[PDB]
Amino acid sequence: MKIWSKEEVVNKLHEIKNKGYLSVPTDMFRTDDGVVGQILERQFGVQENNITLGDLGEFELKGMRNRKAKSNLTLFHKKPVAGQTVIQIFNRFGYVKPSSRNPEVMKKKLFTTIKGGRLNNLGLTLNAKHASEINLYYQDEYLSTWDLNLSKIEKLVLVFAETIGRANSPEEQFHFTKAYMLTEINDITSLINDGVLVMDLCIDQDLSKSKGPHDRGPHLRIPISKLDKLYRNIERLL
């Protein structure tokens, strides 16, 4: 694994911007929201996930399309350590509905954003006692507990891309034009409790093709507009 110096990241970010719009290789294309991230990784020579460390060594690398209305940033994924499993939560709270991409395919889905301070429409909420005890409740009923390790996101390099071409098409292209270094991470108990940090469940199942469920892992996420509540220091790199 290469450990990128801060200066090497800055230099590389300028080189990347200077390349203009980058294309999706034919063999990479898979009708995939995440392709912006795959393209950005390739530019940093990131060849596989590393279990211990952020992608760049000291920093975790994240790419995002610069949408006017911007989806949350996914920080990382983690299964609950105790209580109900994600498949058990899916069994109970999932709902049957056509695929949003392909209306002719019937799915069972649980795509839900769960947060502290409020019950969502499915009755789900979070509370945290410590960072290693984040609990999922359905109403006043305890379900599960997460023990989250924040180590990999202590420092981020977040890079925004402009796009041309249809979203998730083979012709989609990406110009990385802005980037930020985020550091001095805050304790997350209050951020969970106050609904700044959220947890998305992203499980579905292709019933039409008689397939098993696909649990994409509980996603810890945060709106881009609230990054200043998670990190005390945000520095423009590009």
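Whichever C-alpha set is largest while still superposing within 1.5 Å between the two forms counts as the rigid core. Numbering follows the first chain given and starts at 1. Residues that one form lacks are left out of the comparison. What changes on going to the form deposited in another entry:
- Among the residues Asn50, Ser169, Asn186, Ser190, the single one whose Cα moves by at least 2 Å between these two forms, once the core is superposed, is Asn50.
- Remark: with the core as the superposition reference, the CA shift of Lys211 between these two forms reaches 2 Å or more.
- Once the rigid core is aligned, the segments that move between these two forms, defined as three or more consecutive common residues whose C-alpha shifts all reach 2 Å, run 47-53, 208-211.
Starting from the form deposited in one PDB entry, produce the coordinates for the form deposited in another entry.
The text that comes after this line covers the one chain and nothing more.
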């Protein structure tokens, strides 16, 4: 592994921006929301991976399309350490509904965002005692517990991309024009309980096939506009 210095990342970010609109290699394309991150990684010599640690060693690289109304930032994924498994949660709380990409394909899905401080429409809520104990409830019924390690996200290099082309098309292109370094992470307990940091469940299954469901891992997520509640130091790198 290469552990990057800040100077080397800043130099690399400038190089990337200066290239302008980058394409999706034919070998990489797979109708994938995450291609923005795949491209940003490849520009940094980071190959596709499922390693837990920050992919630049001292930093973790995150790429996002510069949408006017942005999706939340996915920080990392983590299964519960205790209680109901995610598939058990899917079995119970999942629902049968056509694929949103191909309406001729029926899925069972659980795509839900769970927050502390309130119940969502499925009745699900979080209560954090500490970062090491975040509890999932259905109403007053305990379900599962997460113990989250945030070492991968201690230092983020967040990079925003302007786009041309239709979203998730082969012809989509990305110009990385802005980047921030976020460091000095706060404790997440309050952030869970105040509804700032959220957990997404993202599980689905093609019910015409005899595959099991695809659990993409419970996502810890944060809106970009609340990153200042998670990190006390934000630096404009690009």
